[PDB]
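This structure is in structure tokens; I'll ask about it shortly.
Only one protein chain is missing; all other protein chains are in place.
Letters A and B name the chains as they come in the text, with residue numbers starting at 1 for each one.
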Amino acid sequence: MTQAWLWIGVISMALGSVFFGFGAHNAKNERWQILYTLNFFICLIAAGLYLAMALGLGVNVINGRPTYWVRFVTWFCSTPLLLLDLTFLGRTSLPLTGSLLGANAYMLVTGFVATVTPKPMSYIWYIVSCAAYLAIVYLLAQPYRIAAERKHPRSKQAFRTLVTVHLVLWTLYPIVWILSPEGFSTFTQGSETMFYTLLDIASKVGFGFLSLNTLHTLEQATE
Amino acid sequence: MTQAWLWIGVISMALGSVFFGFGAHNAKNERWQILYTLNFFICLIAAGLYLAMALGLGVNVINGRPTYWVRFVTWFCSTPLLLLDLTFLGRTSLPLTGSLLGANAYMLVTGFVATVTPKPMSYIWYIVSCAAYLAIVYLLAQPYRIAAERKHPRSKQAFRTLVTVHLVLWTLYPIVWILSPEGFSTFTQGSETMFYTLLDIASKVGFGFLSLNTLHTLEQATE
Partner (left out) sequence: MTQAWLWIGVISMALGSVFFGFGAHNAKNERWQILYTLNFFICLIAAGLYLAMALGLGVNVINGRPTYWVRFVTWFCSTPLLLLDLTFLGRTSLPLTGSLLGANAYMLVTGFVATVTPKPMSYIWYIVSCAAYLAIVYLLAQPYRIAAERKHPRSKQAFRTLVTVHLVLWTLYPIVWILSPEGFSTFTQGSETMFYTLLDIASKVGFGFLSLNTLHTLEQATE
């Protein structure tokens, strides 16, 4: 079950890599090339992640459980690129882009600490990591969206959809974590693997396609 | 004593985070937003550092002593942001900004090597790290200051003060290190903790306020 879902991750991400890579090579202009290149590397990184986990790398027994700590290594590299999908389309300001990137990095590092420390101290870091996540939620839902809407007055719904899908998908990660054996142990590592793999596929391949469609919608509103 | 000073660090940095965070949310324009955001993340990172150390994380017995090696992890992230305070206010050129950032990173990595290696080889890395620090001192005191002064002809003293406080504070770190049990063992880990915590508070919260006042002085000289 765990192995099966890791190999689904390998294949889904490698497929996503292939599509965005071809997309980058055939891109119309620099803006399409930028957005395809972003999503190509997001999926390539995740494909390497899933390859490593499937082959038994980046996993050690922590708190009595085999723990796939390597997810934080690759998430640290791929999730800023996802946030750059948003700020590239929104044409977000410099300080707001750095705030998104900074908050995200803080979230992952303190989430990594939560994952490798024993209970109950791990809950302290979980709370700190969630607080950094809540900052991201506020930044995307208010200043990022408002500015993006002012700059794309005809496409306001496009950005509302982008942020909605983003926060729906990302919010499920700490829910999976807290319900997993890291917290309340309401399901097994096998199901935990399934949930993170579903989320990763939706938030990288799925969201990657949404970002491309969002750019088409932005172009069509100024044709 | 060590625990007391670590908790003073937690509180001081978390307070500093709160002030700059509010400052960033209320900032007048993009320039104030940039500088508050820089100082917010400097203090937030240090608050995470002190939280981790206070809870017994990032410390292992090295050379027979409990050693808070995690300081190098977070210093690596927060001190480039401090240097960006200076180059943002000075409007420093691209190569000079990279030189400051590069020299700083080199200083911390070789300082980390000095801290985890045994004597006398540790002294070799201490000397290399100090050499990288001396490059920073020269870069700030001569090309950074001279260029900054040419661009702010009415505020030359503002930058002289910025650089003076910076180099006074940063020079005390290798002095603390060499006098600590890492070198001549003239004081205990408890006092060592006190000195690094005082320095960190002065060079992050204190210097952060100075940087904000420096920007006000720069604005007032062109009103």
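The rule we apply is simple: a residue touches a chain if its C-beta (ideal position, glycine included) is under 8 Å from a C-beta of that chain, and two chains touch if they have at least 3 such contacts.
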Touch criterion as defined above, residue of A:9, A:16, A:48 or A:98 at the omitted chain: A:48
Residue among B:19, B:106 or B:187 touching the omitted chain: B:106
Contacts of chain A with the absent chain, listed as residue ranges: 24, 30, 33-34, 37, 41, 44-45, 48, 51-52, 55, 57
Contact set of chain B toward the excluded chain (per top definition): 93-95, 98-99, 102, 106, 109-110, 113, 117, 121, 124, 128
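Heads up, the rule we're going with is that only the chains that are shown with their structure count from here on.
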Geometric centre distance via CA averages, chain B-chain A, whole Å: 31
